[PDB]
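A.B. asks: With the hints as extra help, turn the sequences into a complete structure.
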Amino acid sequence: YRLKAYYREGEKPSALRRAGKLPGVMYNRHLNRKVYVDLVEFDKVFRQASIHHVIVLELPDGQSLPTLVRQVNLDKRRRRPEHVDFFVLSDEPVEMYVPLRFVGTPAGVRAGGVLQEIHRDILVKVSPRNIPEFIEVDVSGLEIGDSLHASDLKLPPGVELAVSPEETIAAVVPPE
Amino acid sequence: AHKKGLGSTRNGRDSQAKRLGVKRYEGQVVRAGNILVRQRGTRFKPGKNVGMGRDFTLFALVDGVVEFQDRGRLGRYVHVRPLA
Amino acid sequence: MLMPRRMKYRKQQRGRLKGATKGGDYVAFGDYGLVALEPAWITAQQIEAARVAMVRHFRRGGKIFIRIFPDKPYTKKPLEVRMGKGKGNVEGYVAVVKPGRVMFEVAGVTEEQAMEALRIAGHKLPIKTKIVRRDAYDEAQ
Amino acid sequence: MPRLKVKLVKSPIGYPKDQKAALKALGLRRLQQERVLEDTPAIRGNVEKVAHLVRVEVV
RNA sequence: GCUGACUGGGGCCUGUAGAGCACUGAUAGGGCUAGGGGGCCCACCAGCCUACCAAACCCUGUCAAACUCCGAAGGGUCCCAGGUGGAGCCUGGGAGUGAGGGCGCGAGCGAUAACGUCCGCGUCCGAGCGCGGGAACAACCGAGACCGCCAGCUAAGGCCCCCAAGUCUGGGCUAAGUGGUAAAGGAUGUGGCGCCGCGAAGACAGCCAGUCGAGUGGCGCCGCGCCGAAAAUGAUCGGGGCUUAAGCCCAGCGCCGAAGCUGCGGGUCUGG
RNA sequence: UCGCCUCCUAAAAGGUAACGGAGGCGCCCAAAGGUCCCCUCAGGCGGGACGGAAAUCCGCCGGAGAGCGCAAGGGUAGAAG
RNA sequence: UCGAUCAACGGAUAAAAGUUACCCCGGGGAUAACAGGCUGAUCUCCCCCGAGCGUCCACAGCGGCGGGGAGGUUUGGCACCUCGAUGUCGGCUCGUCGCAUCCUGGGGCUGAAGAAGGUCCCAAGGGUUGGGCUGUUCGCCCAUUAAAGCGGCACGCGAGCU
RNA sequence: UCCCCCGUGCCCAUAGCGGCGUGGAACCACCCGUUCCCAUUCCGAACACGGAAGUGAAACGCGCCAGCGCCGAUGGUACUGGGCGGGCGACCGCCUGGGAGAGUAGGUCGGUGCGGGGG
Numbered sequence: 003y004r005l006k007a008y009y010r011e012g013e014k015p016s017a018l019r020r021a022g023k024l025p026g027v028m029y030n031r032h033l034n035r036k037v038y039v040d041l042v043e044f045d046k047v048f049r050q051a052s053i054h055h056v057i058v059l060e061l062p063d064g065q066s067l068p069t070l071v072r073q074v075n076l077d078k079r080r081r082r083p084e085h086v087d088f089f090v091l092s093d094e095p096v097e098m099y100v101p102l103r104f105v106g107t108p109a110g111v112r113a114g115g116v117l118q119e120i121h122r123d124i125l126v127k128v129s130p131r132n133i134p135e136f137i138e139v140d141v142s143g144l145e146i147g148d149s150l151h152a153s154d155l156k157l158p159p160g161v162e163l164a165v166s167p168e169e170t171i172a173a174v175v176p177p178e
Numbered sequence: 002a003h004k005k006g007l008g009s010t011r012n013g014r015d016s017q018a019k020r021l022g023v024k025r026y027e028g029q030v031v032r033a034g035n036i037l038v039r040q041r042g043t044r045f046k047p048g049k050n051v052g053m054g055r056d057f058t059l060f061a062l063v064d065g066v067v068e069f070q071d072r073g074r075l076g077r078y079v080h081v082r083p084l085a
Numbered sequence: 001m002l003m004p005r006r007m008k009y010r011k012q013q014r015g016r017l018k019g020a021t022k023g024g025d026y027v028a029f030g031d032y033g034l035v036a037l038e039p040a041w042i043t044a045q046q047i048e049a050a051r052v053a054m055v056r057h058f059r060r061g062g063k064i065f066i067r068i069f070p071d072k073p074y075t076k077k078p079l080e081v082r083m084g085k086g087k088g089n090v091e092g093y094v095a096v097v098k099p100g101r102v103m104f105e106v107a108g109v110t111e112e113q114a115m116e117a118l119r120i121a122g123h124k125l126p127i128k129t130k131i132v133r134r135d136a137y138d139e140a141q
Numbered sequence: 001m002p003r004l005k006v007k008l009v010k011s012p013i014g015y016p017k018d019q020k021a022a023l024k025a026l027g028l029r030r031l032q033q034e035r036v037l038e039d040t041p042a043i044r045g046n047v048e049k050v051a052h053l054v055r056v057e058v059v
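Protein chains in written order, with the entry's author numbering: chain BZ, 3 to 178; chain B0, 2 to 85; chain BQ, 1 to 141; chain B3, 1 to 59.
Among the hints, erroneous ones may be present.
[Said to hold, decoys possible] Heads up, simulated SDA-like pairs for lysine to any residue below, C-alpha to C-alpha not over 25 Å straight-line: (1) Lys130 (chain BQ) <-> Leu41 (chain BZ); (2) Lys46 (chain BZ) <-> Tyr137 (chain BQ); (3) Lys87 (chain BQ) <-> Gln17 (chain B0); (4) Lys14 (chain BZ) <-> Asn75 (chain BZ); (5) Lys46 (chain BZ) <-> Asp31 (chain BQ); (6) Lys6 (chain BZ) <-> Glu139 (chain BQ); (7) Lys46 (chain BZ) <-> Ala136 (chain BQ); (8) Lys6 (chain BZ) <-> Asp135 (chain BQ); (9) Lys128 (chain BQ) <-> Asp77 (chain BZ); (10) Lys46 (chain BZ) <-> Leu76 (chain BZ); (11) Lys77 (chain BQ) <-> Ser9 (chain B0); (12) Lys98 (chain BQ) <-> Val27 (chain BQ); (13) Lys124 (chain BQ) <-> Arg80 (chain BZ); (14) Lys6 (chain BZ) <-> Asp87 (chain BZ); (15) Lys156 (chain BZ) <-> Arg122 (chain BZ); (16) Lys8 (chain BQ) <-> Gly8 (chain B0); (17) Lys4 (chain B0) <-> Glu91 (chain BQ); (18) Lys11 (chain BQ) <-> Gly8 (chain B0); (19) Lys22 (chain BQ) <-> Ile120 (chain BZ); (20) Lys72 (chain BQ) <-> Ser9 (chain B0); (21) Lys22 (chain BQ) <-> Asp77 (chain BZ); (22) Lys18 (chain BQ) <-> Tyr137 (chain BQ); (23) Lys22 (chain BQ) <-> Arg19 (chain BZ); (24) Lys85 (chain BQ) <-> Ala2 (chain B0); (25) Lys98 (chain BQ) <-> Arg79 (chain BZ); (26) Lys85 (chain BQ) <-> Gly8 (chain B0); (27) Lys23 (chain BZ) <-> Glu139 (chain BQ); (28) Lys18 (chain BQ) <-> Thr75 (chain BQ); (29) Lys11 (chain BQ) <-> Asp15 (chain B0); (30) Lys130 (chain BQ) <-> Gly22 (chain BZ); (31) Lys76 (chain BQ) <-> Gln45 (chain BQ); (32) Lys46 (chain BZ) <-> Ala28 (chain BQ); (33) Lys5 (chain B0) <-> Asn89 (chain BQ).
[What the hints assert, rightly or not] Residues of chain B0 placed beyond 10 Å of chain BQ at every Cβ, according to the derived structure: (34) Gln40; (35) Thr58; (36) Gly73; (37) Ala85.
No lab work stands behind these hints, which were simulated from the structure alone. Note that beta-carbon positions come from the ideal geometry of N, C-alpha and C, so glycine has one too.
C.D. replies: Structure (structure tokens):
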């Protein structure tokens, strides 16, 4: 996951947008810089990476910064990204979301019901040098009655549950 | 020519407007008496050389110059720093 | 039919429709949206009609999420009457909708059924609609 | 100060009072009228107000 | 007798636009869950369950003129500068008006109807039905008409003929006379950008699949056009007539064009 | 419907119309007044003979949602209670 | 210092209700009824969506909930010319126009065997009757008919009549 | 000038909640009393007076901690002074000045004035 970034000086964002570029910024306790990326290339990436997976930004001085996304502001009308926030990581432990694996399908089928991925992902504290790929769930006996919430998870090394942990994650519910 | 029939409202009132508000601002010279604020509470609390009437009205106690002051949780004070 | 249970006030002023949606603009629940492309007042009868068509299509099937709610009252003087004599009587209720509002949403369904269902609903609505997916609509960290 | 030469080139008929007044302050009174003025901010301040009625030029 | 409008800098005052849900209410989906309904089931009163009604609490989503944890642009005001203006302030004589109208913006009423109606800020007509544009047309565009000229430069808007000035240049679209005034919605109408399927594991379409030997399909952005389009005296874009335009979009040069501006003479009023 | 008060409409000074939205007034208090000195609310969760789901009692938690004769708004416990 | 629902609350007298189609004057298109106009809610027509109807089968014939338009003949909304006058229903007489077509001419679908329908498409050239009832418009009815269309023209037409 | 406590102002939650450690020599409290002054709708609880055995348990002071609370950029948007455009309308768009609110990074378990007592 790599993206050619560029350095934004003070060119009206409008004009950059107009020209298929995507204005933005990068920051961390230490650096703060106006940047821009190209749209279609960023989307190609973000469409998978998103906020779950690191992106490496290639600036015009050859340097390659390891970053996470923290924000995608978008124009309600013409639902497109107006501006991207990039957080450049280092080594201090940083909070983020990590995707889940909804294995199989739930047993609530006779009453017409349908699964609700209330949490596709969960908030966790992690070091930048111990970032997991995913987390593994266990859905099978999720009937029209019962559900699951809290620290019912397979937490690997480097991970710290930064949620309640008492909070609903996926519930099967009646049809429309 | 068949005229439709209509009702009434039970609504059409408001009171006389009462011209509330600050009457002199920071850095207006004032004589003793000059009322400085017409208000419905302690929206401003009286400061140095500022009295307040039965109706919450703040007023200069001396011939001076007005200073305002926000003290957060203590509220807002109007003072008259005197010239002499 | 679809209205609040209480209101602070019974009648209220018409007002206006500045652009944008403010919020309710990204997906959030189901896996396919029906989005607004124009401002409008949408009436409860329309919402309902669309909703019913959705279900009727994937009969009793998946799930539906109605994301606009008619809180605004809709006045109208009696028929044939002249002007004045106070505001009119309340006839129904509307939901104020502005471009980029995700009005509906669906889950537990094939793209084929979904695509179609929504289209259908878009017909019952007195505005232009678009269909949506689940892109960078994941305002997280 | 690099003084200003401003010239009225569009009619203020239809425009707001303050703008018509602003022209007086300066002392533009006919169209095509040209005046050189000091470059002080009080003068500028008015000239910005009417920017759209005027050709502005430095001296 | 320089204090005016307006402007610059400083200082107060403010609760709208926007936004927000901390209060007041409204509200979607989920979890948890006081009561209540109701099934299990008994009066020893407990007890278990509920793809039912339903407080608070939690997660995720919203709404509000009479909600606000928040809050611009602006607005009001005082000080100090500029500002000699058919500015200001003061005292007195004479009035007319006290019936408004349109347009733009911001609200209410109305049906997000009306050459509707009611306020607010602005502007013009009124009194500028004097002048140029708009075919014609109080108030849309231009522009404030003391008088004269067989002089000149511009404004809006224009430069194929009526009709002054380009059948001007360079690049595209469009084939409907669209332009020459209508919507949901329909379409293998056109053109331009995008990104994927998947092609000597040689069926995309055609006759037994071999031959056939290549391009095939699917979305997504954008421009122009087509149908959707029926009313009553004779039609028509102002008219003739316009098709690599005399249409439309993008560039540029020159010209035409008012009672605007200049030139030249004259008049009058103010101040010097 | 006709005077007076509160709120909104009212476009962040003031002011602002309509047979626009929606409520109050035509009283009251000899203490519900002056001053001095004290005192601090509503709720919520326990716990306690008669005792409801708030009678009175105890303990925690509770900056204000209580209260301030009466409509609304403003204000207010560092009191106006 | 007192006597006011002088509350129509800046308070005409201390003291006051009706009617006029028997009516008069002065004014107003400042303000209603007729007509036109703007508007098109209502109204007439047509379209989009495709839950379902139709033994089977979304459209032969149909279309729930909803959606978008046209026309300007209804009832209205507004109050713009007209109150120093724009005669204001219907009838007759005379017409002329529109097509959203009631006959007649073409035509495609059909749940079209034939015959006869249904439905939509093209098409006003020409036609579109005589009576009973009501002032009627319209309507119902009688007997016919190829048919017995619907509208506009100031609800066409009173310096043409009634 | 440097500590620590005792008073007393200012800044106005970055001062707070909650946790955790400390401090009694001096201050301060809690404490010992209820004769006396003074008190309780009943209570020496509170207020008040006379004290000094005991404790820092409570309260107060000082440290650490970010779970909650509080503060919070930059960038980009919204909105808009003023200038101008499209649409039949709801409304949309371009210029030039101003520029949020939410949110991201991040920060915070206070700072300071005067006077006193103690090294």
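A.B. asks: May I ask which of the numbered hints given earlier this structure violates, with the numbers listed in increasing order?
C.D. replies: none
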